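Working from the sequences, and respecting the hints, build out all of it.
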Amino acid sequence: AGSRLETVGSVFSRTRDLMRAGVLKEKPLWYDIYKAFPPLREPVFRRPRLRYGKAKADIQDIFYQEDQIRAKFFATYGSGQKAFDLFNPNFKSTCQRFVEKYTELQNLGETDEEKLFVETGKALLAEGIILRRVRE
Amino acid sequence: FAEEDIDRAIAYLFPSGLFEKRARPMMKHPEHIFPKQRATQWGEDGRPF
Amino acid sequence: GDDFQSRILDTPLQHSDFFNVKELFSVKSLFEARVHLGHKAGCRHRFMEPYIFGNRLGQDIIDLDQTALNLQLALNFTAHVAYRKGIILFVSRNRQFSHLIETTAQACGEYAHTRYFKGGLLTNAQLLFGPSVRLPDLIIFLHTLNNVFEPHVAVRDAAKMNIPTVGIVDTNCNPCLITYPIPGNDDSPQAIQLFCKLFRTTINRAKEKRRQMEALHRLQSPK
Amino acid sequence: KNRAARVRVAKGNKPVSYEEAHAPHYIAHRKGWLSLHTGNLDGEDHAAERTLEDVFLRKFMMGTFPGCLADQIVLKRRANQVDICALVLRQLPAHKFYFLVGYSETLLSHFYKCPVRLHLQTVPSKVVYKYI
RNA sequence: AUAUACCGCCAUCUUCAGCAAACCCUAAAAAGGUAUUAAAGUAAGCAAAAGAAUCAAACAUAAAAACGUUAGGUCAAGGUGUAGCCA
Ligand SMILES: [K+]
Ligand SMILES: [Mg+2]
Ligand SMILES: [Mg+2]
Ligand SMILES: [Mg+2]
Ligand SMILES: [Mg+2]
Ligand SMILES: [Mg+2]
Ligand SMILES: [Mg+2]
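Chains as they are written, first to last, in UniProt numbering: chain X, 2 to 137; chain Z, 99 to 147; chain E, 52 to 274; chain V, 36 to 167.
Just so you know, these hints were derived from the structure itself, not from any lab.
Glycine residues also receive a C-beta, built at the ideal position from the N, C-alpha and C atoms.
It is possible that some hints are incorrect.
[Claimed, not checked] With a straight-line cut-off of 30 Å between C-alpha atoms, the simulated DSBU-like cross-links for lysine-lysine are: (1) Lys-36(X) <-> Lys-73(E); (2) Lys-274(E) <-> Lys-136(E); (3) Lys-258(E) <-> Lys-36(X); (4) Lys-28(X) <-> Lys-169(E).
[Unchecked claim] Now the in silico label distances, taken between C-beta atoms and shown as ranges: (5) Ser-57(E) <-> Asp-18(X): 18 to 28 Å; (6) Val-184(E) <-> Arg-38(V): 38 to 48 Å; (7) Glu-114(X) <-> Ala-158(E): 51 to 61 Å; (8) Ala-72(X) <-> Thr-62(E): 50 to 60 Å; (9) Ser-57(E) <-> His-127(Z): 45 to 55 Å; (10) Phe-88(X) <-> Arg-146(E): 23 to 33 Å; (11) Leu-111(Z) <-> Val-90(V): 47 to 57 Å.
[What the hints assert, rightly or not] Cβ-to-Cβ under 8 Å is the rule here; a few derived chain V residues that face chain Z: (12) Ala-63; (13) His-64; (14) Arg-65.
What follows is the structure, encoded as structure tokens:
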């Protein structure tokens, strides 16, 4: 005898209730553990519903300030001819070096975006990076 | 005394002329007559093996 | 005598982290294993939005700060269950990780069911396994979906039998019936490999801790 | 359909014995003969008389041990000796069986003019081959 | 007298492939319950199959063939319910 009603309450609440009624005479071994270290949320059934009208989710689009610079670099030079290595946790791509230098110049106090874009290209050219201004 | 000697002795002491040999008297080792593995698949605690 | 049995079973519940599961993992360790990568925004379940840090260009990102809190609770619960000699069943239907999960269960000393799940396995267990079959005391769902992108039957059936479930839930999953949800990536081999390692070390520690606790208390009885 | 000596299927709750379970075509294959005499062998006489004695001996044993027979009796004739082998339930007291054996033996030995012996194997209850 | 009260023993579809019961599941069920790179069905029966018979072996032939259908046949094989006869 049990409560195979998984849409009312939770495994813990149904086990608590069954013992109060007098049907379950021995506590499950997982019961005392749940009482002492419960989950953050109670595991109760809820019917997923759809959103209607003007209800919307609340998920923040992840856009950092570097993305403004990165977008320009991809539009002007595309992706660096060197291939991304996403297995190296500290990989520095050609675009990420462009954004690191672009930031340094902006710290000096340059206020014109055009100035920061052409100066960074010159600095990387001195470094020896091959930047191709591919309109294609 | 062997399994062959057993089967021969049982045939002499309990002569049966039934055509189907599954229906004749048999004194075989329990491993044969019973299914090989009908044993419990868990112990006293109830934890499967 | 009675005090010793009470000491073995009642003392562990007086400490917040009796098995010190906190050290096994860290937010950085989870980030290396790509545990923060979720499905596209279209595949998102409504009950997962609490756990999602945001949407990075169409790909939902899973907050690894909530994952650490939830994973801590799930690992602690899995340890106390293993400490008390409960049966733990690993369940998944992802065929890429079928052999890995069966190897993990065998290493832990527990059970795995990575194959087609028969209707009634838990709600009609006596007919299938025998009159006195003992059902699992905890089910760990490394994957909570079957191969037709529907909830694994054992999620609902484990709630019907009042079995607690520790499940890995991704952005497209429904965590409502999972007792201890662990928000995280379930598709990447590096994410699944990390979770399998954590569950196996945690279970082995709790089993070892029980052996040591029994010897100390047992030795005191003559001594 | 054939209706001869076939204990037909019920709903899984009817306890049939080994003898009842098997239809006539299993005679000499899975189940033997309840009576063994030499009167149906080739070039042998008195089949009619041996068969009539068997019919009576079965009706006599049923009435003499009413409700105490677990299965059909087995009749074995050797020379002029007749031997009746019956499975009997343990319902009656032990001393009553000694009375019915002494009575049924003497009565059938003076009726057919042969030495007749009764062999009784007592069972705790009817043996069930299968539930049909 | 009644096979239109039955037992017993059969015909017919028929060497056709089905009949019946215990459990489990459903945002209720009037019903349904399959997916094998598997999605709720499971585990036992009866028939088929297998086995046995035609005295090597096969094939073939016999035998076997459930639940139902035809108030099918048989009160005259025997037994028997109900009604009827007893100078
Ligand atoms: K009839
Ligand atoms: Mg996934
Ligand atoms: Mg008729
Ligand atoms: Mg007529
Ligand atoms: Mg043959
Ligand atoms: Mg056949
Ligand atoms: Mg008619």
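Checking against the hints above, which ones are violated?
11
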